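Please build the complex by placing chains W, F and B with the ligands on the supplied structure of chain Y, with the hints as guidance.
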Amino acid sequence: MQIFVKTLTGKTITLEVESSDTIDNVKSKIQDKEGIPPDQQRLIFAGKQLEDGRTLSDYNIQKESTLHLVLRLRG
Amino acid sequence: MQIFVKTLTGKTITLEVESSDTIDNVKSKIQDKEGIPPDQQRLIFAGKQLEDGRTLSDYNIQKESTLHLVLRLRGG
Amino acid sequence: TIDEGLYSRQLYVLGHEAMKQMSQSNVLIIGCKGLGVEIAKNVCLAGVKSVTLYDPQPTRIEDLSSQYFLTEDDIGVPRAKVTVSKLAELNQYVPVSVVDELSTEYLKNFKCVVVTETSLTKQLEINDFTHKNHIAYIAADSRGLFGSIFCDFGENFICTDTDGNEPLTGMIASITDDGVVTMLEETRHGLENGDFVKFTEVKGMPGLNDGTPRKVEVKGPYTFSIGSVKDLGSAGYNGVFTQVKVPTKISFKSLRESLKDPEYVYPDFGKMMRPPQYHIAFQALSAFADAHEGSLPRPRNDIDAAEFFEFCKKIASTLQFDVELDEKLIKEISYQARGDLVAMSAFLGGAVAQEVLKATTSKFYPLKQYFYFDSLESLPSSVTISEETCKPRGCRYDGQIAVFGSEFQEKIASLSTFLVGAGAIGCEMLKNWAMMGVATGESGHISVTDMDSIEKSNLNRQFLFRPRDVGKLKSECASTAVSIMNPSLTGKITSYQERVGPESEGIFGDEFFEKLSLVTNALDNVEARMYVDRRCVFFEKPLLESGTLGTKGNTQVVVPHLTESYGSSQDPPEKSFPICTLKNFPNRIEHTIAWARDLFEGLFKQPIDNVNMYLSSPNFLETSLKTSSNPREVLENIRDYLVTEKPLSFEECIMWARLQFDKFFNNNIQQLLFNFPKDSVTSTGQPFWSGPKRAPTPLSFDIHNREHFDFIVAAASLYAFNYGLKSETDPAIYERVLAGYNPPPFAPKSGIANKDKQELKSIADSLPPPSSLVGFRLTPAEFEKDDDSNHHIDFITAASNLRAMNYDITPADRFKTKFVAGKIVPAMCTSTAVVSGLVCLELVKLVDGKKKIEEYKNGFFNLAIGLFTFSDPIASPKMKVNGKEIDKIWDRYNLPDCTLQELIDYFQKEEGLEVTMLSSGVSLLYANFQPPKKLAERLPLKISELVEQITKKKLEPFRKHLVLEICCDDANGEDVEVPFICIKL
Amino acid sequence: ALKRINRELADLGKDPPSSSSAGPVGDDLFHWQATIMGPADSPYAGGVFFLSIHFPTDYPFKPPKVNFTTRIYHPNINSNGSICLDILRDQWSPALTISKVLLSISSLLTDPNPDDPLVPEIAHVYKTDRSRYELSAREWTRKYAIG
Ligand SMILES: Nc1ncnc2c1ncn2[C@@H]1O[C@H](COP(=O)(O)OP(=O)(O)OP(=O)(O)O)[C@@H](O)[C@H]1O
Ligand SMILES: [Mg+2]
Ligand SMILES: [Mg+2]
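Going down the list, the protein sequences come from chains Y, W, F and B. Once you know that position 14 of the first sequence is 14 in the working numbering, the rest is easy, because the numbers rise by one and skip nothing. Once you know that position 33 of the second sequence is 1033 in the working numbering, the rest is easy, because the numbers rise by one and skip nothing. Once you know that position 177 of the third sequence is 2177 in the working numbering, the rest is easy, because the numbers rise by one and skip nothing. Once you know that position 117 of the fourth sequence is 3117 in the working numbering, the rest is easy, because the numbers rise by one and skip nothing.
What the hints contain is simulated information worked out from the structure, not anything from laboratory work. Keep in mind that a hint or two might mislead.
[To be verified] Under the rule of at most 30 Å between Cα atoms (straight-line distance), these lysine-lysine pairs were calculated in the DSSO-like manner:
| no. | chain 1 | residue 1 | chain 2 | residue 2 |
| --- | --- | --- | --- | --- |
| 1 | W | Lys1011 | F | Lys2253 |
| 2 | B | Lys3065 | Y | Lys11 |
| 3 | F | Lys2605 | F | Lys2761 |
| 4 | Y | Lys33 | B | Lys3014 |
| 5 | B | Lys3014 | W | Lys1006 |
| 6 | F | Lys2575 | B | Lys3065 |
| 7 | F | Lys2260 | F | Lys2215 |
| 8 | F | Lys2245 | W | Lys1033 |
| 9 | B | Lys3014 | F | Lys2909 |
| 10 | B | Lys3003 | F | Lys2960 |
Here chain Y stands alone, though its shape is the one from the complex:
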């Protein structure tokens, strides 16, 4: 299937993924396309932060879902 990742600058990146794909694979694709290290990627879907070791299906991610890519800041 296909998904969309929106960045802080308004850019939209389209990715071809499967519901069984791990979060790590998506972060790897984002690193390959944008060069952003996975450690600095903060992926958000429906108000929940995606965690490594899980799959897209774990978050009920379906056809043409939209994710957010943000920085890691806490304070």
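Okay, now just chains W, F and B with the ligands, sitting in the frame of chain Y:
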């Protein structure tokens, strides 16, 4: 090569370096061990203040050398 | 029973126990020349029990070279007798006495014995006695540009504190079964191998909370090890650790034993072969004096130098010293034997006084044992220094002419200096200038500026000011004092009460600065230092910077076209806590003190200012309704402080204080715990109130408790001061009023159009009209730490301790609260003396006009550990502009007051650069991206007209130049840095 | 400070920030007014938030003072506009540009952090009753961030 850095407050630091390292590498190591940004570090060896862009061999800094890490003070 | 009103800044360096031990110690000082009088002055200011002087030698004229308590009317009188009367005034708690004769058995009355201007045989005789009777012995010597110190505190000296640092403390995150202690996220413990620590509040390993120190094995910046804790438990969570500082035993050798095998302290690592030379040289000096009826070698005399070098050879052979003697250096020591410089005396006196305090307090690490110093790079090279020019003239400057000569004395006498600040360093600098004879010639002049007034706490280290001077301007008093010290300065000193900054450029303008020879900073803040540095860079004047902090100090020199400026380097900035940490989740007493200061400002300062501005500005409400970030807050403050909560007696002030106690220590905590219950968890399942977040608990008001009553008293008193009521301190009225208080009910609120503007209008029109209140004002409270009767520090302490009790933090006392809230800088007289000595040693280099950068020294020192270090100044960076060598700092463009178009065309044609940005002050005069209409309007105007138009403010009549910053691009489009522009109006 | 500020301004002009637009107020280089666009997939969608930036005299060696001027219903932004951002209080370094600060603020708007809040009541509403928080945020952005 192993060198020692003494702070103005009495602390001692041991650094593992090589004669070909630049002063920037030494300042980065000091930042790692102390958290002092390289641009705020004042290093003195044998009456010379070490400047960025040069190497240790430029100052004849050899093994077991002692550097001083100093800073300015605002009172008076 | 230490008088904290006088020793305020010194207690933050030493402490109460150290000063208590000091106040029970006697100091004997042998010799009353410049070095001896400096030591005695520093000791008297420090606060020892008493000082005794022994110097029966009649006064001589040359002695006035560094003795500032001697006048030309005292010639022929013993120095001690004429010095004791002036020394007795420095401190009223320290008696000063004189003994006409010394016997060995008389030395048992003194805690410390300082020896100056004494032969080596007498020093051996005195030390042979003091060593076996456990009396601290210090011997100091100053010969020209050379100095020596020797310390012997006994074979079993006990040092309780070896570096003067506060004990290290930190918050733990986890302790494994093998003792691997880990700090919280991104937190450094800062320990070293061999330290000792004790733990508290450790959960899972109660055994670590007993309080037994444990060895530390540092394994990284974030973790360390304490050993095997297998028995005490499997794992520990959270907790805090505190460093334990253990006493050390230092063993000294006698002078007789240490002459053969000395132990050196090196003030400079660039010259590590010299101290062995000076060791022989000073002994040779003593032998020469013994062989010539106590007469030292004559200045720049070759026969005496040859004889002295023969003595040096003999001594070196006798001691089996396997050192090759440097003939030039030793003969230099011979030539300047009769030199007596006030700068060297100040430097060595500061060091020796600090050593005396170490001996009497058993604190800080003492010198062990020989400290030989030289400033031979200060010897002039632009004048003739020979036997003819260095011979005495029978004047008070003989001690200095014996080193520098008469021509250099003429050069010094015609200086035109500018001293910024008149504090401790300012007073020391003025004293040094008076003794050196600065500005006593026809064309000499001194200018000193300082806008502050003398206070009681300043008398501890500003020896030119007396208790009768409290409340007067520092500059006038300092100028009068130095004119008394050196009468030749009468009419050569001008004192201003102006702050040096952007607002005083009309007084310290182009004409004032064009006549100076150098500028010396004696400030205590970085903003003024940067401003004066920029002014000196623009006018190309030498600058002497210096600073102190407790026992640490530094001195720097800025030389035009040679070195970088003061602002070319960056220092660590002040630490400000996150707003969220202060607002809701404090974990240190500093956080609660900051919160208490903000509370003080918000209760007694801001509402009063709003009320006063409402009753003065006729259009305040309309401007505030769209200017401030919370007009509702302003309206509420005005209403509450005018009508709703205006007190009519002191009882209403007490009730208001009780209400504020409830508001800030009982209700906000209940609301916070309603929002985040103690059992709540984060989004990851972890407990919320864990680690840096401490669960608070509401306080219930109890009148008998001390902190609650202190808060009530301070708050009621400050409110009464705001409304001008008559406060009281008798507990009876407080206990009677607070008895009949019924707390309003409180229940935390769960929450759940344009009418708000209508409510704001209704509130605004409900306020009494300004016309009804004419001549009525509320007095705001301006924070003042140095007064112990305005309740400011009392209120801040009470509020901070109550908020600490909320979050279970360890409360502090008034001393620490005043230190933290007041931003007090610890200060000492010894550090001031040392920095003044170094600055005056650099001043003679500046006067000689030395060109090479290796002849100047920036100095750093820490007297608590006996560390001195020097380094050459950094040369100013160079650059290439249009294939030309340009100094990034000291070079500028000089252009007439042309038009903007003409300036751009000049930069295009001459430098081959395209101007992209042009700014002046804090305004953008020109930018390449501005719309064509704006540029076409602004192009044909002169620079002065353009600046006046953009800044909407006419240039002052005294303004003679403009400084412009310009950013330009080359032909290829590469940005190239250029120096600033100086437009001549 | 002037040269650093002008370099930042020119860099902003060359490559547009797209989602932000900062520039000096009038002709004063030490007082900027920036604009931030509410993320589309967030409660603040279709909202324009104005920020005031005050550069200190020591820039870039001290952080700029950034304050929201539009009212926003966020767990980390209080009624005075103060923003709970690490890089603005004690993590500031002389290597961060205003564009980075604007990106940080936009990220903060896109997802709040209720575990270390500045407004405990909004954080509590966010943690417990999410739908009410969404409704309140939409109401506030419609009431203040539009118009
Ligand atoms: N911008 C300035 N222009 C002129 N003089 C200044 C300026 N800033 C500070 N000073 C003066 O510099 C001196 C600083 O010395 P010092 O810090 O020892 O004094 P203080 O601030 O009065 O004392 P303390 O810090 O012990 O409370 C003071 O006279 C202060 O008035
Ligand atoms: Mg003062
Ligand atoms: Mg001060």
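Hint check results:
| no. | hint | in the structure |
| --- | --- | --- |
| 1 | W/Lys1011 to F/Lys2253 | holds, 27 Å |
| 2 | B/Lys3065 to Y/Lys11 | holds, 28 Å |
| 3 | F/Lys2605 to F/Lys2761 | holds, 25 Å |
| 4 | Y/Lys33 to B/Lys3014 | holds, 24 Å |
| 5 | B/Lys3014 to W/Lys1006 | violated, 47 Å |
| 6 | F/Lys2575 to B/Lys3065 | holds, 15 Å |
| 7 | F/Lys2260 to F/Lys2215 | violated, 38 Å |
| 8 | F/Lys2245 to W/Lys1033 | holds, 23 Å |
| 9 | B/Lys3014 to F/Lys2909 | holds, 26 Å |
| 10 | B/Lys3003 to F/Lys2960 | holds, 24 Å |
The structure fails hints 5 and 7 (numbered hints given earlier, in ascending order).
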